[PDB]
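Okay, structure first, notes after.
Presenting chain A:
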Amino acid sequence: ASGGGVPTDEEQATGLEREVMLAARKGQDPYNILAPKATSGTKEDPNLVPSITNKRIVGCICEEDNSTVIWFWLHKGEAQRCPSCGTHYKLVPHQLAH
Partner candidate 1 sequence: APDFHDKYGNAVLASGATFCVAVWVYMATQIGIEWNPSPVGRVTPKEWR
Partner candidate 2 sequence: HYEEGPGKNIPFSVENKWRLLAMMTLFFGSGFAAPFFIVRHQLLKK
Partner candidate 3 sequence: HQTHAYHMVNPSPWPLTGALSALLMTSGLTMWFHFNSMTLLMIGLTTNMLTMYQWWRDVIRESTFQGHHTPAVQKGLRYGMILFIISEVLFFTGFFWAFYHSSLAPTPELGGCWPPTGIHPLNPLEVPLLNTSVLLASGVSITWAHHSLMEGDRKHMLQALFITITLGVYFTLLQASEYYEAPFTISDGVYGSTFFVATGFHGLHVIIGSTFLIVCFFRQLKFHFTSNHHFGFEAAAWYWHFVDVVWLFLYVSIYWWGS
Partner candidate 4 sequence: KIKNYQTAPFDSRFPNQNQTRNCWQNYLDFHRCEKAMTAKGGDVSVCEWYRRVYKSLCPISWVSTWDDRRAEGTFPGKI
């Protein structure tokens, strides 16, 4: 009626599929599968933008449902503000898979 013999992802998943699986398990998202949640985005509480280098593109949707997305390179250093709405973003660089 039953019996086994089929591998599981735990046993057999490899390469990037396994990396994504093992990160999900720890609740981390190094391959950017999820949407980040906004902070209040003030100068004291900037949105924090992980990157592996010293600049990353940010798209800001200034208000919920805006169809227009505002795009700009976010550089390592002091917080920058969206050119449309002023919300603050600060880059937090570096590293990944040990």
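Criterion: contacts are C-beta pairs under 8 Å (C-beta built on N, C-alpha and C of every residue); 3 or more make two chains touch, one makes a residue touch a chain; residues count from 1.
Selection rule, in plain terms: all candidates are chains of the complex that A comes from, given by their letters.
Listed candidates 1, 2, 3 or 4 all sit in this complex, but the one touching chain A is 3.
By the touch criterion stated above, chain A contacts candidate 3 in their complex at residues 2-9, 11-20, 30-33, 52, 96-97.
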